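Q: Residue strings, one per chain:
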Amino acid sequence: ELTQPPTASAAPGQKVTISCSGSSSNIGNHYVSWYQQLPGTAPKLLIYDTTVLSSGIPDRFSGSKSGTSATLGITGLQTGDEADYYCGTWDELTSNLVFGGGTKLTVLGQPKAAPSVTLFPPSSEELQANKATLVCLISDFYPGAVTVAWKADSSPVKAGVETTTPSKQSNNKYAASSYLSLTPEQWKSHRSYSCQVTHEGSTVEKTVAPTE
Amino acid sequence: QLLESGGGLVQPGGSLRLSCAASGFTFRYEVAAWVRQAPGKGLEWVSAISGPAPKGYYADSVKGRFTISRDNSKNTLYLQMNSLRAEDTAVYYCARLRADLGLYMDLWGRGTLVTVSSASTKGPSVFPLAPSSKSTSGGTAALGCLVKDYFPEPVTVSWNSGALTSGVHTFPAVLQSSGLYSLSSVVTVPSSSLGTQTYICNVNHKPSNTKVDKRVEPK
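From first to last, the protein sequence lines are chains LLL and HHH.
Residues 4 to 27, 27A to 27B, 28 to 95, 95A to 95B, 96 to 211 in the entry's author numbering are what the first sequence lists, from first letter to last.
Residues 3 to 52, 52A, 53 to 82, 82A to 82C, 83 to 100, 100A to 100C, 101 to 214 in the entry's author numbering are what the second sequence lists, from first letter to last.
In isolation and in its complexed conformation, chain LLL is listed as follows:
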């Protein structure tokens, strides 16, 4: 029964506020707490008892409560603040601890980064076990929009293609993976296989051959 805006946006050095909206039964009456969840990590306490900063949290972060609305304040916005932010309090109507839906905080004007693409062919071990997986790994790119296509002798191949959702790294760049599952025969049959990674109009294609 706590409501935040799903997304928040601002540029480096700017002030961004994340509103947590509720009623008199939660925010209006009880003490609010904010949490910061960086990609892949567990939630970390930002602010407790409405205004008090947790250990290590810089003064850039501020907690407010005006009527039925709790406001998380972030001044001098830095890219290291990109995270999901959750408000938490006690709701009187229910008999439980409540959380807001969460607010994804994007930091705008981050520098465009061309992806680093690495294509590995099937390992000796896998081919010995009568399987062939081409592993295309894509790292250190921004923004997070990439597409991975596979060619076999410059012919488009769709069967066996499994691609991960592009996910944010620890340094705020994005990482993706693509897998082309084959039999050892299909691998050795064709002259070459290619991982075509498209990012911001431009395409990085890496090739591997069964005859190394």
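You may find that some hints are simply not true.
[Unchecked claim] Calculated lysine-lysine pairs in the DSBU-like style (CA-CA distance at most 35 Å, straight line):
(1) LLL/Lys157 to HHH/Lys43
(2) HHH/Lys206 to LLL/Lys167
(3) HHH/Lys43 to LLL/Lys66
(4) HHH/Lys129 to HHH/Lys117
[Said to hold, decoys possible] Some, not all, of what chain LLL presents toward chain HHH, calculated at C-beta under 7 Å:
(5) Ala43
(6) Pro44
(7) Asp50
(8) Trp91
(9) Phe98
(10) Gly101
(11) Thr117
(12) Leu118
(13) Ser122
(14) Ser138
(15) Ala174
(16) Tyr178
Worth flagging that the hints you see were computed from the coordinates, not collected in a lab.
Every residue gets a Cβ at the ideal spot worked out from N, C-alpha and C, and that includes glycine.
Based on these hints, arrange chain HHH on the given structure of chain LLL.
A: What follows is chain HHH alone, placed relative to chain LLL:
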């Protein structure tokens, strides 16, 4: 720091006991809580337990089915999860709950993924992604480990037992049309080093209680 264990695969209508050990402070004289986070979705409180006795409070979602307790000796917090369904599929965190002025959790554990699904646990097949002097070399050579056909999530990968961290990215897993997961972990290293240096990826699959140390050698 707190650390949870027990996370793994359970069938609809199945049962699981989650553990949480306190490495520093005692559990018997602090208010302990469990919080869960379903994939994609936000934070949701599960249960809380006060210091004096094992009289716990549960969220409306988990009341009855779930039973919180602590072994009074060796700072151990348990969560008995019974009559589980797909909706309970989430990362479960143990944590200290402060309840003097405001209700908030200041200490959090790493968390452990519970997956409710009608499928079998499968340990990973780990294959080395050998470094070459072509596609795996961009000024510095890149090598990795392929962690293929495992269920459920998660797996974690360190390198040389955590002695190697700089250059490491462990990628997200993808659920293949087979209903089995694949993920990779590479490390970028100066090409000069390859020959000398020994490379072991430490693949961890707690849901199947499997640990694979795979040696990645120059092909």
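Q: With reference to the structure, classify each hint as holding or not holding.
A: A quick look at each hint next to the structure:
1. LLL/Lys157 to HHH/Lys43: holds, 31 Å
2. HHH/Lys206 to LLL/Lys167: At roughly 26 Å apart (the allowed maximum being 35 Å), LLL/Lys167 and HHH/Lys206 satisfy the hint.
3. HHH/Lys43 to LLL/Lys66: Cα-Cα ~25 Å, so holds.
4. HHH/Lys129 to HHH/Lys117: The hint holds at about 34 Å.
5. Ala43: holds, 5 Å
6. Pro44: holds, 6 Å
7. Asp50: OK, holds: LLL/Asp50 within 7 Å of chain HHH, min 5 Å.
8. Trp91: holds, 5 Å
9. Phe98: holds, 4 Å
10. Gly101: holds, 4 Å
11. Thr117: With a closest approach of 5 Å, the LLL/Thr117 hint holds.
12. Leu118: holds, 5 Å
13. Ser122: holds, 4 Å
14. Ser138: holds, 6 Å
15. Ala174: holds, 6 Å
16. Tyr178: Nearest chain HHH Cβ about 5 Å off; hint holds.
Hint check: no violations occur; every hint is consistent with the structure.
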